[PDB]
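2 protein chains.
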Amino acid sequence: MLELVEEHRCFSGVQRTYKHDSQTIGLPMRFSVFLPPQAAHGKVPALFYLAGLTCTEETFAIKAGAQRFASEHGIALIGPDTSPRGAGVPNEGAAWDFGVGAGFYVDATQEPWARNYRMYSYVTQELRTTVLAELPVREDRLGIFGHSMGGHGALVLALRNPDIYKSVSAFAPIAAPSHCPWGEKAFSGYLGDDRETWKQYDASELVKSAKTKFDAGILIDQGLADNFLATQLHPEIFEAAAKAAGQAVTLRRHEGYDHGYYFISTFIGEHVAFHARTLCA
Amino acid sequence: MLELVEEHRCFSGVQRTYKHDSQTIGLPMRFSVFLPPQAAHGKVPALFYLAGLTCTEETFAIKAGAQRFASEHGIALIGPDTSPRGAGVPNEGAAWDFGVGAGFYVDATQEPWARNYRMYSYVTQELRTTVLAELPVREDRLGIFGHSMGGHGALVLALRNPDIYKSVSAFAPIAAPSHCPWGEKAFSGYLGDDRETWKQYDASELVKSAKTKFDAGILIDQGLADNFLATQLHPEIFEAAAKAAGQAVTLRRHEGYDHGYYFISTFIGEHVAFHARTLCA
Numbered sequence: 001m002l003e004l005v006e007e008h009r010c011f012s013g014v015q016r017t018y019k020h021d022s023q024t025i026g027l028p029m030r031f032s033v034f035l036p037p038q039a040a041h042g043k044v045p046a047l048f049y050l051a052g053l054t055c056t057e058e059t060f061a062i063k064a065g066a067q068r069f070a071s072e073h074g075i076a077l078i079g080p081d082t083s084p085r086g087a088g089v090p091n092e093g094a095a096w097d098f099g100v101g102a103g104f105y106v107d108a109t110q111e112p113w114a115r116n117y118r119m120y121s122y123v124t125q126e127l128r129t130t131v132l133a134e135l136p137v138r139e140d141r142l143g144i145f146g147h148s149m150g151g152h153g154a155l156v157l158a159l160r161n162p163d164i165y166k167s168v169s170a171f172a173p174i175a176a177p178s179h180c181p182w183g184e185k186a187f188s189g190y191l192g193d194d195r196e197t198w199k200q201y202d203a204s205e206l207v208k209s210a211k212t213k214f215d216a217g218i219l220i221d222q223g224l225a226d227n228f229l230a231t232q233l234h235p236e237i238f239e240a241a242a243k244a245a246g247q248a249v250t251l252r253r254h255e256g257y258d259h260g261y262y263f264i265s266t267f268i269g270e271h272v273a274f275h276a277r278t279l280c281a
Numbered sequence: 001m002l003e004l005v006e007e008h009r010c011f012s013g014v015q016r017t018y019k020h021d022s023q024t025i026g027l028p029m030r031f032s033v034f035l036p037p038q039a040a041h042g043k044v045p046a047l048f049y050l051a052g053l054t055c056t057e058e059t060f061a062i063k064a065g066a067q068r069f070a071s072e073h074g075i076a077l078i079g080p081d082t083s084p085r086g087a088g089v090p091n092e093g094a095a096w097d098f099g100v101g102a103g104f105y106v107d108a109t110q111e112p113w114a115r116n117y118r119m120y121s122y123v124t125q126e127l128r129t130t131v132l133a134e135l136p137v138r139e140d141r142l143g144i145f146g147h148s149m150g151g152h153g154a155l156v157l158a159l160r161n162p163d164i165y166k167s168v169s170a171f172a173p174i175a176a177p178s179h180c181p182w183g184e185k186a187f188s189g190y191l192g193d194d195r196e197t198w199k200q201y202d203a204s205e206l207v208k209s210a211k212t213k214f215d216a217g218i219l220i221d222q223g224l225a226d227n228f229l230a231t232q233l234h235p236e237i238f239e240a241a242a243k244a245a246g247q248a249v250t251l252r253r254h255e256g257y258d259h260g261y262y263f264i265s266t267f268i269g270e271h272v273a274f275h276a277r278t279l280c281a
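If you're matching them up, the sequences are chains B and A in order.
Okay, so the first sequence: first residue is 1 according to PDB author numbering, each after it adds one.
Okay, so the second sequence: first residue is 1 according to PDB author numbering, each after it adds one.
One thing to keep in mind: the hints can contain errors.
Copies of one chain are not kept apart here, so a pair can be met inside one copy or by any two copies together.
What the hints assert, rightly or not - The list that follows gives simulated cross-link-like pairs (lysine-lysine, DSBU-like), each with its CA atoms no further than 30 Å apart:
1) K166 - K43
2) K63 - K19
3) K19 - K211
4) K166 - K208
5) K43 - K243
6) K63 - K208
7) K63 - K43
8) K208 - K243
Hints in this document: simulated from the structure, not taken from any laboratory.
Model the full structure from these sequences, guided by the hints.
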């Protein structure tokens, strides 16, 4: 059941890692939790942060410096892992861009990935209800953000679940996975070769039909020196689709910033404030 | 010569890593540099941060979240490595508490360490003058801080060089290395069996005879859940010695906090503010 395997006091709250037996994944999963000092006095809003390729549930906790801002605003931070671990699927670790550390936040339909690679259901349902049942977190004040594969994850999960996520932001998301190699490989393997099945997991397609209730729209930060800007991320495709659909998007482009956590750390404080304007309302 | 090998924009400044051919070490060395935005219009004060056992030049840059505070106060951050790298001394990597990653910021006098393990002279002279010659840093506004072996280093280097280091603070320092296993092993190996020679690298011994005083005081943060508090750190010994010599020390003990960077990150903003009181005068 629910096991506390790591805990460190941090900005007058606690940075924890839990392990639990996931019924949706069918395997043990680890996730990180930051509780701010305010959680001692009642339930608090929470943000789910989704990490990118090769990352773990601890990458964000170590590298983003988000806990100070979570403590300042009274928001908990939940960090899922990026894939199932130790599923024993043949060659699930043969590449870093697919399989282990590379679940792409989809529910796989193709064998042999469909048995365990159910990260969409895991993050939006089982992990959420576990957090709500066992931690002092408000069910009605949840937001989501993430980086790259995780920024793809944050946009997709928010646009598909308006009943759950009240705010959404992203750092350097894979904005149009149907049209870059990382996404086309992931979708081909997990979902099959029928591109129509991929649209339900593509932020740029979802925004064309989404009905949203975001007070301050969708926040995206993108570094202009990002090595993946033209080869994988394609923010302009999402920006154009959201404009045609009338969806408010604040896409901020920053000259000279790269893809990684020196970039993410610079803007994560503004992201936590952005979410707090909705979640702490 | 001076090679820029990493650079990422961060909090409107730059996080850099440099490689240079060290004459004092006799080998290439890597060091980290954070320049705040203010360094673009003039020289800025600088803080040297010394890392603990097993760390590298980038541990602080990645894990401490200090750049945000340095950018607010206009302080550069310089992070030396913890030891020579690739010196080829037999078995120098046999144990994690000695040799590689474990220079203890001393100048070794015993062979075979004496050839390259000159981290005291490296940090206080060669690295300092390289920084002052090649980067927009004020010679008269330098301070020093660090963690564990690096907290030992920060205290030792400040108390020995009051005309260099104008402010000093520490996270969980090895406060009396002559009286704990980490220090006894390192000093025995690097310095030999004459314990008198160890007193010049022992913060608790140095404070007993320090003539000059830091009138802004010495700031030390210690977590009470730290696993090394009673086995290696001994903050009480330095406290007792400082009290008896009239050196003001603010030793803050924090219930529940551990040894690592969730603890360090929590207080590093207060440390940069503390140093800025003197360095940004």
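Comparing the hints with the structure gives:
For the identical chains of this complex, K166 and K43 are intra-copy neighbours only, at 16 Å inside a copy versus 45 Å across copies, given an alpha-carbon limit of 30 Å. In this assembly of identical chains, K63 and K19 lie within 30 Å of each other by CA distance both inside one copy and across copies; the values are 21 Å within and 23 Å between. For the identical chains of this complex, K19 and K211 are neighbours neither inside a copy (35 Å) nor across copies (52 Å), given an alpha-carbon limit of 30 Å. Only within a single protomer do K166 and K208 lie at most 30 Å apart by alpha-carbon distance; the minimum there is 19 Å, versus 59 Å between protomers.
In this homomeric assembly, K43 and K243 never come within 30 Å of each other (Cα to Cα): the closest approach is 36 Å inside a single copy and 45 Å across copies. Taking the shortest Cα distances, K63 and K208 never come within 30 Å of each other, neither inside one copy (34 Å) nor across copies (39 Å). Within a single copy, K63 and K43 get their C-alpha atoms as close as 26 Å, and across copies as close as 29 Å, so both meet the 30 Å cut-off. Proximity of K208 to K243 under the C-alpha cut-off of 30 Å is restricted to the intra-copy arrangement: shortest distance 9 Å within a copy versus 69 Å between copies.
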